[PDB]
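Trainee: Based on the hints, put chain B with the ligands in the right spot on chain A.
Protein chains: 2
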Amino acid sequence: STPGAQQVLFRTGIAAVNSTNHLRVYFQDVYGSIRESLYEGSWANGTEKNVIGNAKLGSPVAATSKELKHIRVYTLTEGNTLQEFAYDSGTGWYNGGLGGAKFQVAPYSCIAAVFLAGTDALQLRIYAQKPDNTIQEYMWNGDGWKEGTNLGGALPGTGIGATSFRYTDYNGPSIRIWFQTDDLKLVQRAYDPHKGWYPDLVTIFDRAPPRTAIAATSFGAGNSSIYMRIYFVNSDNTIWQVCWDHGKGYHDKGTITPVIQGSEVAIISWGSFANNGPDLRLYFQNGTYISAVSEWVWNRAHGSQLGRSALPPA
Amino acid sequence: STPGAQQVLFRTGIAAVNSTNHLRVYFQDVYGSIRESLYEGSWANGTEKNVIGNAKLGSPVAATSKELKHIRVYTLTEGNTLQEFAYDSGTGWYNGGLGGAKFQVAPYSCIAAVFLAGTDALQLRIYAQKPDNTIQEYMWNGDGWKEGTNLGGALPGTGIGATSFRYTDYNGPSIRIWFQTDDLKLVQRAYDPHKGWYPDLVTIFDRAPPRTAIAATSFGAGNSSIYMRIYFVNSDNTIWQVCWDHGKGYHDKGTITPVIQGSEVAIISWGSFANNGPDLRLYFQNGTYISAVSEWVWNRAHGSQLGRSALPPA
Ligand SMILES: CC(=O)N[C@@H]1[C@@H](O[C@@H]2O[C@@H](C)[C@@H](O)[C@@H](O)[C@@H]2O)[C@H](O[C@@H]2O[C@H](CO)[C@H](O)[C@H](O)[C@H]2O[C@@H]2O[C@@H](C)[C@@H](O)[C@@H](O)[C@@H]2O)[C@@H](CO)O[C@@H]1O
Ligand SMILES: CC(=O)N[C@@H]1[C@@H](O[C@@H]2O[C@@H](C)[C@@H](O)[C@@H](O)[C@@H]2O)[C@H](O[C@@H]2O[C@H](CO)[C@H](O)[C@H](O)[C@H]2O[C@@H]2O[C@@H](C)[C@@H](O)[C@@H](O)[C@@H]2O)[C@@H](CO)O[C@@H]1O
Ligand SMILES: CC(=O)N[C@@H]1[C@@H](O[C@@H]2O[C@@H](C)[C@@H](O)[C@@H](O)[C@@H]2O)[C@H](O[C@@H]2O[C@H](CO)[C@H](O)[C@H](O)[C@H]2O[C@@H]2O[C@@H](C)[C@@H](O)[C@@H](O)[C@@H]2O)[C@@H](CO)O[C@@H]1O
Ligand SMILES: CC(=O)N[C@@H]1[C@@H](O)[C@H](O[C@@H]2O[C@H](CO)[C@H](O)[C@H](O)[C@H]2O[C@@H]2O[C@@H](C)[C@@H](O)[C@@H](O)[C@@H]2O)[C@@H](CO)O[C@H]1O
Ligand SMILES: CC(=O)N[C@@H]1[C@@H](O)[C@H](O[C@@H]2O[C@H](CO)[C@H](O)[C@H](O)[C@H]2O[C@@H]2O[C@@H](C)[C@@H](O)[C@@H](O)[C@@H]2O)[C@@H](CO)O[C@H]1O
Ligand SMILES: CC(=O)N[C@@H]1[C@@H](O)[C@H](O[C@@H]2O[C@H](CO)[C@H](O)[C@H](O)[C@H]2O[C@@H]2O[C@@H](C)[C@@H](O)[C@@H](O)[C@@H]2O)[C@@H](CO)O[C@H]1O
Ligand SMILES: CC(=O)N[C@@H]1[C@@H](O)[C@H](O[C@@H]2O[C@H](CO)[C@H](O)[C@H](O)[C@H]2O[C@@H]2O[C@@H](C)[C@@H](O)[C@@H](O)[C@@H]2O)[C@@H](CO)O[C@H]1O
Ligand SMILES: C[C@@H]1O[C@@H](O[C@@H]2[C@@H](O)[C@@H](O)[C@@H](CO)O[C@H]2O)[C@@H](O)[C@H](O)[C@@H]1O
Ligand SMILES: C[C@@H]1O[C@@H](O)[C@@H](O)[C@H](O)[C@@H]1O
Ligand SMILES: C[C@@H]1O[C@@H](O)[C@@H](O)[C@H](O)[C@@H]1O
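Chain order of the listed sequences is A and B. Take the position in the first sequence, starting the count at 1, then add 1; the result is the number in PDB author numbering. Take the position in the second sequence, starting the count at 1, then add 1; the result is the number in PDB author numbering.
In isolation and in its complexed conformation, chain A is listed as follows:
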């Protein structure tokens, strides 16, 4: 190991945001603080000087952004309430309003977050699990934090993935979330402006490890068309990818890369098949320097390859 990688909590929550290839990665250290590593031409930071807040030990860690002008990072307090670390270009980091709403969730809740796509307005949807084990949506629309739609029961401690996109022929944003049900299947729920939340749960994988990590991305929104990727940790201790491709739907799935037992996962993407893309990056723990966070890369140039072997501070 290394002294730096020794600072990364084993099975830490991981989240990532980006503006094309300007990347930020959030993780928790062994004392419970949440740190930011970055990629701006090269990898940097992730030290005790790069802490954006503190969270309960073992906390989920989720994030979303509008490019890098606005970033929000979501974690649990000691009292099991949702909280938010916020960055706005020209203000810096501050403790965001979410904490003041005091939304109590299950102690074992995960979190996902999206800014709604296709608008310059700052509109947030956050998803977590209540003590009754239902997935609850929370909303920010300029005018305070409030509860949105409840999306029903899920496996207690399920991972939660989410993405927002805007079809080019639609008048408003779409949302897709994925989570695990009590029968251990992984499923999709969906929101479109004309149908609200579709009533049906779409199974994407028949059987996954209980409480397995779940992360998702989308890219290349066209007219009634989208590309999506969903990642989870399977029973072979590897990340699997499930693919949605326009014209084929959910058509493929298979192993991507090995990880440590119980690794968390984050995914980011940019570009499109139409313009020499997409670019995909996964972050996870595969046991490099024992406890470092590693990267995986997909691009047009080389397809599937390992990336940065060990992120800062390793």
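Some hints could be false.
[To be verified] Beyond 12 Å from chain B on every Cβ pair, some chain A residues (computed):
hint, residue
1, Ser20
2, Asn51
3, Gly59
4, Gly80
5, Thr92
6, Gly97
7, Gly100
8, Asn134
9, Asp207
10, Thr213
11, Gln242
[What the hints assert, rightly or not] 30 Å max Cα-Cα, derived DSBU-like pairs, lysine-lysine:
hint, chain 1, residue 1, chain 2, residue 2
12, B, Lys103, A, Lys103
13, A, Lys103, A, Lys67
14, B, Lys103, A, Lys50
15, A, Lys103, B, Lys50
16, B, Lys57, A, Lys131
17, A, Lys131, B, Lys50
18, A, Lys50, B, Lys131
19, B, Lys57, A, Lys50
20, B, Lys254, A, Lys57
21, A, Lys57, B, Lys103
No wet-lab data here; the hints were simulated from the structure. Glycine included, C-beta positions come from ideal geometry on N, C-alpha and C.
Mentor: Here is chain B with the ligands on its own, set in the frame of chain A:
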């Protein structure tokens, strides 16, 4: 799941002690409190009313006993110092003197603990990992807590298993500990009263997952003879057993039962091959009610079988 199961921390530390088939099992709840479940002809307790103290979330949990007259449970504080919860018959539960010593360890340290075998005196050896990644022994021999022998370097965040026994032809106790080295091997170190700590590390498993759980027991101590069993979580997400049997040494090894990814493990035994024994019990998480602690059984009559599906509070 059940409301009770849901209180149990996912990948909680687990320890157990016994007097023959009178059993106690220790685990951490989602709020960080350590709780006791018990078997006295039937399973009971494990609730918020059976809290014996509080430890940092994710803490290792270790325990040792002299029958059930004296029980000692070891965890880590928020401050990353060793602490102890103590039970003496006639006194009940109290905060033990270990915390007063303020032994600072690595944030990712595990713990093992033994009462030295074959004496009525209360002599304790505790094992943990310091910030420099060396295994340190800490000692209580009646005149306060102090540092004992340093047993050198190990994988940062290694599991630690330990046992004490006293050969019937010896006039002092023996001790064996097991842990993982930087090369991912699982090894034994050994103390006998004539050789002190043997210089050599003996390899018991070529390669195991990083920071895999490690637990050990011994039984049937005779004239320069002993039986030992060591358990860890292998890459196939099962507990594997390694056996020391008198005559054969370290001769056999294989899977026992499936567990969740990154499950912790505890072991207890009683009896011996001479007396229609031994009896073994293993505690672990295998996904029963998602987060419940499960039991595996070995006994002469029926051999290997799953035991209590879900311990209290499940
Ligand atoms: C077609 C294209 O322009 N792709 C770039 C990609 O470069 C391609 O793939 C890499 C692996 C290398 O073979 C290049 O020659 C090839 O063009 C960029 O990746 C960076 O490439 C440079 C060299 O030009 C370095 O290898 C650098 O490490 C690569 O950065 C990667 O992506 C970063 C955003 C981080 O995730 C980093 O850890 C990765 O290694 C990328 C980044 O600009 O952009 C296209 O994909
Ligand atoms: C169930 C349903 O169809 N509700 C919509 C509501 O959608 C909300 O946002 C969507 C994306 C999703 O998260 C739903 O669960 C959630 O209820 C609509 O809310 C507006 O959505 C747009 C983006 O589509 C903006 O975010 C806008 O700020 C939202 O309106 C605000 O929230 C509403 C609940 C109202 O309180 C309104 O006063 C707010 O301005 C609304 C249209 O308002 O339509 C259904 O209620
Ligand atoms: C390396 C070595 O051989 N040291 C011994 C020391 O062994 C200690 O205990 C053993 C089992 C092991 O944990 C070692 O790492 C540790 O240093 C002996 O200590 C005594 O051990 C017996 C049991 O065999 C009793 O536990 C007794 O209380 C111990 O004596 C006390 O501790 C010693 C360090 C002395 O300070 C003594 O005055 C204490 O009463 C001693 C024999 O005393 O011999 C080597 O130091
Ligand atoms: C390509 C480009 O112009 N990128 C900009 C970044 O380089 C800027 O990063 C900020 O740079 C200043 C020094 O000029 C300083 O290093 C700031 O700490 C750094 O901010 C980083 O990026 C932010 C989005 C946050 O994640 C913050 O924690 C980081 O430290 C940023 C400033 O907003 O603008 C980019 O466009
Ligand atoms: C320099 C500047 O004016 N920046 C804008 C912020 O002030 C705005 O943040 C919101 O400001 C209001 C005050 O009217 C209040 O402080 C809100 O808490 C704050 O909202 C934050 O951002 C939201 C998107 C949420 O994440 C909320 O929980 C945060 O606390 C924002 C408007 O979002 O724009 C900045 O540019
Ligand atoms: C079925 C039965 O009663 N078995 C005996 C146990 O009850 C004894 O333990 C103590 O019993 C008293 C009853 O007056 C009371 O229930 C105590 O709480 C109980 O203590 C338990 O055992 C201790 C060793 C600790 O683990 C403690 O936390 C437990 O709650 C035992 C020995 O005292 O003997 C059984 O035969
Ligand atoms: C009735 C009675 O007195 N029983 C003995 C206990 O008092 C002993 O506990 C130790 O007592 C001393 C002197 O008061 C001091 O309080 C110690 O802290 C305490 O030691 C505890 O037990 C040890 C074995 C260690 O675990 C230590 O950290 C604990 O705090 C005990 C131990 O000698 O024996 C009872 O019989
Ligand atoms: C100590 C306990 O051992 C087993 O208990 C058995 C009982 O379930 C019952 O079958 C009787 C039959 O008379 O045999 C016991 O040995 C475990 O099942 C139990 O969980 C305890 O570990
Ligand atoms: C963007 C790429 O899309 C498909 O071609 C998949 O085969 C790859 O894994 C990658 O997700
Ligand atoms: C005590 C028992 O010993 C041998 O029979 C092993 O095959 C069993 O797994 C058990 O350890």
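Trainee: Run every hint past the structure and note whether it holds.
Mentor: Results for each hint:
No beta-carbon of chain B comes within 12 Å of the beta-carbon of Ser20/A; the shortest separation is about 34 Å. A cut-off of 12 Å between C-beta atoms confirms that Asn51/A is not in contact with chain B; the least separation is 18 Å. Taking the minimum C-beta to C-beta distance to chain B, about 6 Å, the non-interface status of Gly59/A is violated against the 12 Å cut. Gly80/A, annotated as away from the interface, has a beta carbon of chain B within 12 Å; the closest lies near 10 Å.
Every Cβ of chain B is farther than 12 Å from the Cβ of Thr92/A; the closest lies at roughly 32 Å, confirming the non-interface assignment. The claim that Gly97/A lies off the interface holds: its Cβ sits roughly 24 Å from the closest Cβ of chain B, which is beyond the 12 Å cut-off. Residue placement check: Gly100/A keeps its beta carbon more than 12 Å from all beta carbons of chain B (closest about 19 Å). For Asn134/A, the shortest C-beta to C-beta distance to chain B comes to about 8 Å, within the 12 Å cut-off, and the non-interface label is violated.
Look at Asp207/A: its CB is around 16 Å from the nearest CB on chain B, clear of 12 Å, so calling it non-interface holds up. Distance check for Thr213/A against chain B: the nearest CB is about 8 Å away, which does not clear 12 Å, and the non-interface claim fails. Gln242/A, annotated as away from the interface, keeps every beta carbon of chain B farther than 12 Å; the closest lies near 19 Å. A distance of roughly 36 Å separates the Cα atoms of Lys103/B and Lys103/A; the hinted pair therefore is violated under the 30 Å criterion.
Proposed proximity of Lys103/A and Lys67/A is supported: the alpha carbons are some 25 Å apart, at most 30 Å. With a CA separation close to 27 Å, the supplied pair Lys103/B and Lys50/A stays within the 30 Å bound. At roughly 27 Å between alpha-carbon atoms, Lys103/A and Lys50/B fall within 30 Å of each other, so this suggested pair holds. A threshold of 30 Å between alpha carbons decides the hint, and for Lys57/B with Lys131/A the separation of about 23 Å falls inside it, so the pair holds.
Between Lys131/A and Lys50/B the alpha-carbon distance is near 24 Å, which keeps this suggested pair within the 30 Å criterion. For the given pair, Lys50/A sits about 24 Å from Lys131/B by alpha-carbon distance, which is consistent with the 30 Å threshold. In summary, the hint linking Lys57/B to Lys50/A is supported, as the alpha carbons are separated by about 24 Å, within the 30 Å threshold. Straight-line distance between C-alpha atoms of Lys254/B and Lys57/A comes to about 39 Å, which puts the hinted pair past the 30 Å bound.
Proposed proximity of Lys57/A and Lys103/B is supported: the alpha carbons are some 23 Å apart, at most 30 Å.
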